[PDB]
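First, one chain by itself: the form deposited in one PDB entry, in structure tokens.
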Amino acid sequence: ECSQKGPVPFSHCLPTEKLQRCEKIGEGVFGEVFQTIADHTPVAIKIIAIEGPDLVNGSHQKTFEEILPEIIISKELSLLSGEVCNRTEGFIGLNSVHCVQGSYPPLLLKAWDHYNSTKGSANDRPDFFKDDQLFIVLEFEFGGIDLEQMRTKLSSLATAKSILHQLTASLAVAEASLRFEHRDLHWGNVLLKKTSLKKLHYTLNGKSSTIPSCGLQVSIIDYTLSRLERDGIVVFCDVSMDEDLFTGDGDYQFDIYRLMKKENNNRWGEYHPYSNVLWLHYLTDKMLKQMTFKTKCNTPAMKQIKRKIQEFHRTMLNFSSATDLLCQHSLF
């Protein structure tokens, strides 16, 4: 809703010594995603034009009223970390949200240039921004590095059960708490951070439980398409009249976009948590078909886990929700 009396300059959020640690880690049509350090403490920033009457990175510029949803979602999913009945951390925590004004900080264009050089950008260079330009700036806990980039780096299929378990547990709680669909859980939006912790903890509809961590702490991101309600008030991204999302493939990912629309009949207001099961199946696929493990499955026990996950893959599309998976499916 509000954090200030009006718009502020970039230096409020990104003082000099912070801007000098800013380093781009991701992007979308909305804008850009940078890592930095704040008081000895890493943080992901998300910067997003607003009220701009000109086209940015392709689409138009979301209004304040249009960007609010994402905030609400981000805040609500963060609260979960410290709730009681429906509790999970397997999302990412918002530390701050500020409306910023001015042209783009040159130091950040240096960071944007480096990204585009080593990796390539689908967005235009943000040098065309004026000094009257308003942005929103979301500052989050820093979750880790996404699964795609973490393929060679996983250790065993054990680790894969742990992640899938963690994701389901999270989505279940969000279903339970907020009636939540993520609607875009590509292996890009699943972060992993090493944790010395030996067991993670969550609570679903009042029941507490653990999940062996296998040295990893999974965090979910990118609430760009996500959905939820509190008090019968739904907050969601309408894509009914979008096309590109459902038209375009290569990877199995792109079939999910089609499948969701098949599920919900192109009415995106409605609550269909199968959407979460789909995305979970997609991820199980990824776990089985394009992951490469530091330890090889050549031991009777790692075979057993393999089988246990294949059986998960085939069986799981016949459950109605992450909740249902978590409770009912015999992987857990």
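Just so we're on the same page, rigid core means the largest C-alpha set that superposes within 1.5 Å between forms. Numbering follows the first chain given and starts at 1. Compared with the form deposited in another entry:
Once you line up the core between the two forms, the CA of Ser121 is the only one from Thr210, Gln101, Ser240, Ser121 that shifts by 2 Å or more.
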Given for the second form:
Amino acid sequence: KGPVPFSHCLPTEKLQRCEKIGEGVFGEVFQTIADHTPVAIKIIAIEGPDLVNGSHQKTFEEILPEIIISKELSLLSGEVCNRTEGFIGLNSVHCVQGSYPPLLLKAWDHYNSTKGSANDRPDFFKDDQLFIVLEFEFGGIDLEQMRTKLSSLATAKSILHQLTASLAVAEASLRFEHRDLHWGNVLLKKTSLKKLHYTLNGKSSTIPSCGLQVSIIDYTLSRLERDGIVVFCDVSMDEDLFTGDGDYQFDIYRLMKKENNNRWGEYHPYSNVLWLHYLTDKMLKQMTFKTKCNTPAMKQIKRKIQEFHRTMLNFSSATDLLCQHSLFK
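Structure of the form deposited in another entry (previous: the form deposited in one PDB entry):
Just the single chain follows, nothing else.
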């Protein structure tokens, strides 16, 4: 019933181990460790009058959708009829009050020195400033940064199957659309499991992992519903979102607006198909693999992913793809 200080989320040792791993106009993303386990910390300023990274801060009302959707997708790992671990776990959410911790500014500076930042140094916040702090499971490294790091197109097959299954399960349970599943929002982490498990409308199956587990992240533009209450980001009056160029990613925003007639409250699971097509397109055109297809068996995998690319836009949802597409048989 009141905000907490930063130290409540980030006690001294946890704060000392923070390293910055990402950013956006929204704010900052740090990795840290507690109980021997990495976690990702996403920090968003809210409710204040300062521009931050050139944009106005969201209100608490405007941040609730991301919080709600993060929780619902996290909970899918523990459900029965519609179960998937292909989203990202949500450990906690806090409303914090205070100026930015100097130890986080230290991490911010290190990232700016080594990778470079597009953001303002977050050193201008007063002691009444509010933030949302989301703590997530650490999901690994994004697909874009793994452009040159994957073994083969067999790995790409696994990734696309994992993504399609997770989206299908969320469609079935929550009438979910991600709406921004660019390759920076697909994370990859090593697993020793040979196969991954999901359940779609009570029917369980498995996916060969190729040694990686996929997590879909970042629900800032996503949509879902429960008992007819729809949670979403109304981008109907956004200009900039629909005028990008130089990557198929930017066409997906326009294609979604075409599909939904600019009515973002509606359910159009074809948007998940569009994102999966964009990701397949990435796999075939921008990813480069350590081992190219040699064997009959691998060459068949390549042909099957090409087939997927040229046919998948004729499916109505991730659910339709998973259940009917030959790629997953």
